[PDB]
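The data below hold one chain only, encoded as structure tokens and taken in the form deposited without this ligand.
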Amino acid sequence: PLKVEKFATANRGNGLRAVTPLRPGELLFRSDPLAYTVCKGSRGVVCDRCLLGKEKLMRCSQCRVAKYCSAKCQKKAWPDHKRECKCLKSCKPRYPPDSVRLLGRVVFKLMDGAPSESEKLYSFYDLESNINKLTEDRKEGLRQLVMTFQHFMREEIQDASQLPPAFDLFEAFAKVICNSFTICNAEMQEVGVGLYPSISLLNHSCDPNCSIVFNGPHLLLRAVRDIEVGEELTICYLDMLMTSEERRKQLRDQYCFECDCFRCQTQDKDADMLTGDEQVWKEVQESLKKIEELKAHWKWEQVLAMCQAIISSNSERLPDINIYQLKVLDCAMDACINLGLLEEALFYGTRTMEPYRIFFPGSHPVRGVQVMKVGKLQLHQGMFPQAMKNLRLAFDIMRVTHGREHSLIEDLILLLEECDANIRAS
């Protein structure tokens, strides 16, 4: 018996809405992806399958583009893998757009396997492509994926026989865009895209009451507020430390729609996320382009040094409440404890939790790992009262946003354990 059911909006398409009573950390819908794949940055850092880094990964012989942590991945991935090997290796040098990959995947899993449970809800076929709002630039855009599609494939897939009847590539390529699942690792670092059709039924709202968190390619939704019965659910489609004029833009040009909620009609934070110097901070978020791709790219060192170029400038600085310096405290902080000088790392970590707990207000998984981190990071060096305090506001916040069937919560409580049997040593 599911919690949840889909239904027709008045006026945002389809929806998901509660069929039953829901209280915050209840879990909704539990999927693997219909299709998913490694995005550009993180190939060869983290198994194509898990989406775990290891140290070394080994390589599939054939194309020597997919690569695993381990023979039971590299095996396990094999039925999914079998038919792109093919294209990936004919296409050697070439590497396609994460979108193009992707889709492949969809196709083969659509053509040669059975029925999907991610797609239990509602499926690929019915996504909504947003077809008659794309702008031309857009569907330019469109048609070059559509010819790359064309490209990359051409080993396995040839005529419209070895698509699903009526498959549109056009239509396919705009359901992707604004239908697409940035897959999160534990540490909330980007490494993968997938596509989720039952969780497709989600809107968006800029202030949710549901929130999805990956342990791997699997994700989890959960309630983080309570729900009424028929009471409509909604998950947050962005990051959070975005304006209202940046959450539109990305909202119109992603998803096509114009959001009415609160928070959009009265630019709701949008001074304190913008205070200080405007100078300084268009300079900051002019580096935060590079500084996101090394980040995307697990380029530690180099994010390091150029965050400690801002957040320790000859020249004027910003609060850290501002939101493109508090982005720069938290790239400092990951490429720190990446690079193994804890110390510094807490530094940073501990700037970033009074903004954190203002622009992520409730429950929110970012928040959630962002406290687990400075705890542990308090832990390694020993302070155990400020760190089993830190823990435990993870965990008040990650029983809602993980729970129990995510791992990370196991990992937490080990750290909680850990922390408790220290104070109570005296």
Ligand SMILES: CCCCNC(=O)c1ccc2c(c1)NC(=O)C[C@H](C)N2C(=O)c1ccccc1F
Second form
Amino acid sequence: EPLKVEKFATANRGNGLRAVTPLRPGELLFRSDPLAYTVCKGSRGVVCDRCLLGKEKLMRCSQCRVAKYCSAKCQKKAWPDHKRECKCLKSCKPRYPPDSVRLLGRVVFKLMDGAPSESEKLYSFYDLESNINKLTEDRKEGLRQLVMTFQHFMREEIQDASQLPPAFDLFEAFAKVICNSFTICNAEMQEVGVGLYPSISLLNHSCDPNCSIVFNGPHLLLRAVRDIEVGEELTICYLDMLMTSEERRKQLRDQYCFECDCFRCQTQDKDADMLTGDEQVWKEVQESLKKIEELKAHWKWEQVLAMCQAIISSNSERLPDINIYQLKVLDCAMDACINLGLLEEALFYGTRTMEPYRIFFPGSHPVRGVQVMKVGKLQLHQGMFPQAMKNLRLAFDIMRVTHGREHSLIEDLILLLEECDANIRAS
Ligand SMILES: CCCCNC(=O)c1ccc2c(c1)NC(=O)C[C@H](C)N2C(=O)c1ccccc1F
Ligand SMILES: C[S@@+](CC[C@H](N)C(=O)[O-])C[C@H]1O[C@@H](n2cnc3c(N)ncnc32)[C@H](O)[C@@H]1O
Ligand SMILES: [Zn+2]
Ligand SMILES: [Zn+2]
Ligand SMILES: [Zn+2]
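Moving on from the form deposited without this ligand, kindly provide the form deposited with this ligand bound as a structure.
What follows is the whole complex; the chain from before opens it.
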């Protein structure tokens, strides 16, 4: 069709997107490649720099020796967007720049040297929100340091403003990046990358949204996850669902410079359940998760598992599985076990997440769709067919809404459903 969405000017939250026509759950609203993107710090050399797929088979750029790739095709295609950054990268090894700086380098190369980008159809990098009049002095110091890091990293390819676009202010561009960066997760919901998607950046936040985004490599799909009326603002949740209203407050302040007075934030919706169990215990668990989550972002599965087991099967006092810190521990342990092939133990943690995930991810949410598929997949390969089929159908009922036929993972689920169904049919 023409578009199901259009940019408009909201009353109190700058620009927004709104429905042009009524929308149903699962309808594809928009799709976009990035303006610019980069692999994350902790997944560097663990995933293809370009398609963001994992492998043990990864060849690597001998020029800079920082880029890794899954294929000759991926190395070659990533050359135009990695030609200019190439020199700068080698030229500063091994104190590597923060992701935000590498990301902005690619933005600049792309605005200088690229044709207009399809990702900027509804809204461009130039139009993005900076919140400059809301930034705290502490935030500004932080952005100054990013500007100086950028001028250093980029010295070879960029010495002055004629090499940057028309009047382009680097302080403002980092301001834009802070509140318009998308985290790119792979099919298994692990963080692998960071990109800008300027048309998608019109979406304002809601702690109970009507839309969802999902990624297939660097490609982004925006889908409705509820019914939406003509004229209704389109929204997505910018944050992890496993957070309390206080945690959301801090993050929405610090990164996005706004205050949320939605129903959930006004009522502290779910907050008491999330923090059930003994406070001294969940305090330490939340402390240890810093490290467990760091190890995870670096794919260090045996170490993740060791630390999770010391919590889950601790000799000292334990937490309910509905406690968010406990829950995040169980999830990391599950993922560790999957990636280490300890499938019975993976299933044990996975099944325990099921009921909390039902509660903390209401309606249709891609994170729940994927977790349910994962558990269903584990059961399937232990011959637990009736319980598998149950979970695979549930995953399909979520992911037909959240991922849809345009996302290749749905094809994988379809194969699992046909397999499980074969088994039952014959039994
Ligand atoms: C510019 C304003 C948008 C900021 N937000 C996002 O970029 C975003 C949020 C949540 C995401 C993703 C991206 N990425 C995905 O692949 C979808 C899944 C649902 N999702 C996560 O699970 C997630 C949860 C908390 C932290 C980071 C995460 F990636
Ligand atoms: C990705 S942008 C969203 C588009 C933005 N409103 C614009 O005008 O370009 C993120 C910024 O939008 C604003 N924003 C998003 N959700 C909001 C909300 N629920 N209430 C108020 N402001 C919000 C904040 O300025 C935030 O830093
Ligand atoms: Zn690749
Ligand atoms: Zn290179
Ligand atoms: Zn809220």
